[PDB]
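Chain by chain, the residues run as shown.
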Amino acid sequence: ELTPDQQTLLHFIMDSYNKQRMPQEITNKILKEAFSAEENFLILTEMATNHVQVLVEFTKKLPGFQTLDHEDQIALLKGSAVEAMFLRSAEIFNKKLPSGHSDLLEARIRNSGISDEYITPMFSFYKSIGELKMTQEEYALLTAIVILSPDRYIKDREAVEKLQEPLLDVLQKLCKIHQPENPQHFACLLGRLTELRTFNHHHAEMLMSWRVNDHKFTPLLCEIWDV
Amino acid sequence: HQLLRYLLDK
Ligand SMILES: O=C(O)c1ccc2nc(-c3ccc(Cl)cc3)n([C@H](C(=O)NC3CCCCC3)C3CCCCC3)c2c1
Ligand SMILES: O=C(O)c1ccc2nc(-c3ccc(Cl)cc3)n([C@H](C(=O)NC3CCCCC3)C3CCCCC3)c2c1
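So the protein lines, in turn, are chains A and B.
Numbers 248 to 399, 401 to 475, taken from PDB author numbering, label the letters of the first sequence in order.
If you're matching positions, the second sequence starts at 746 in PDB author numbering and goes up one per residue.
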């Protein structure tokens, strides 16, 4: 039971979310590249760089984002980059792959210059995400909400927390239609947003590690991740 | 900076 201004909004969010492709040239490296900390770090860079290019495209095709302040427009984007990437990584990671393709993935994630003290909470988050059995619509909406977060140095807030509002209201209605058995679903979804936010500290810690140990990032990533 | 504003505008 969605309203018409809700189905249109949803259809909009879904239209931009389904544009997010990942060139076969980059992904094919997972199945063809050599197993070494460098080649795996190389994959992460190319992927996370394409992700930012596509996330900006998803962000501006958002309803009302373009009707915002050029410093609030870029405030939000700069701020959601890390969260949105790990959320996308959790979504992909949680897809049913064929025989030992998930083991291959997990092996690469490990040998990519990240110390396990972060890897452990990473997989901890992925399983928790996997447990919620999230639909396509919930990932897209969750992504829109993580971007439209009037929190952490945009000046306005009220306007930011006006576009995000019907989004959450749509995310709620969705939780009842598809998971009416579990009425804690909505609370649990927002719950993963909290665990998601904690990734900025861990990400900063891993950044310096690759940094001090001679691992280079693309100029776009240097702007987004602050290097 | 340069790249982000660029991607946003064009
Ligand atoms: O488009 C995206 O948004 C996307 C983003 C990141 C991805 N990481 C992998 C990956 C993860 C682990 C392994 Cl082991 C290999 C790739 N895939 C898979 C893929 O595209 N494989 C190709 C399929 C087409 C030929 C080239 C490889 C898909 C593929 C469909 C199921 C979900 C994951 C990705 C797809
Ligand atoms: O392809 C997958 O199915 C996949 C699944 C889960 C992942 N978790 C991480 C991850 C680990 C550490 C950090 Cl810091 C960030 C993410 N990555 C990385 C990535 O490039 N993600 C894309 C980012 C952009 C959106 C699509 C997934 C790298 C990790 C190293 C080997 C190659 C995969 C993942 C890739």
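Among these hints, one or two may not hold up.
[As the list claims (entries may be wrong)] In the DSSO-like style, the derived pairs of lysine-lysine whose C-alpha atoms are separated by at most 27 Å in a straight line are:
| # | chain 1 | residue 1 | chain 2 | residue 2 |
| --- | --- | --- | --- | --- |
| 1 | B | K755 | A | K410 |
| 2 | A | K424 | B | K755 |
| 3 | B | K755 | A | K307 |
| 4 | B | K755 | A | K343 |
| 5 | A | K266 | B | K755 |
| 6 | A | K380 | A | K424 |
Just so you know, these hints were derived from the structure itself, not from any lab.
The hints, checked one at a time:
1. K755(B) to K410(A): Between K755(B) and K410(A) the Cα gap is close to 26 Å, so the pair holds against 27 Å.
2. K424(A) to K755(B): Given that 27 Å is the threshold and the Cα spacing comes to 39 Å, the pair is violated.
3. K755(B) to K307(A): holds (11 Å)
4. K755(B) to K343(A): violated (36 Å)
5. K266(A) to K755(B): holds (17 Å)
6. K380(A) to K424(A): holds (14 Å)
The structure is inconsistent with the numbered hints 2, 4, although it conforms to all the rest.
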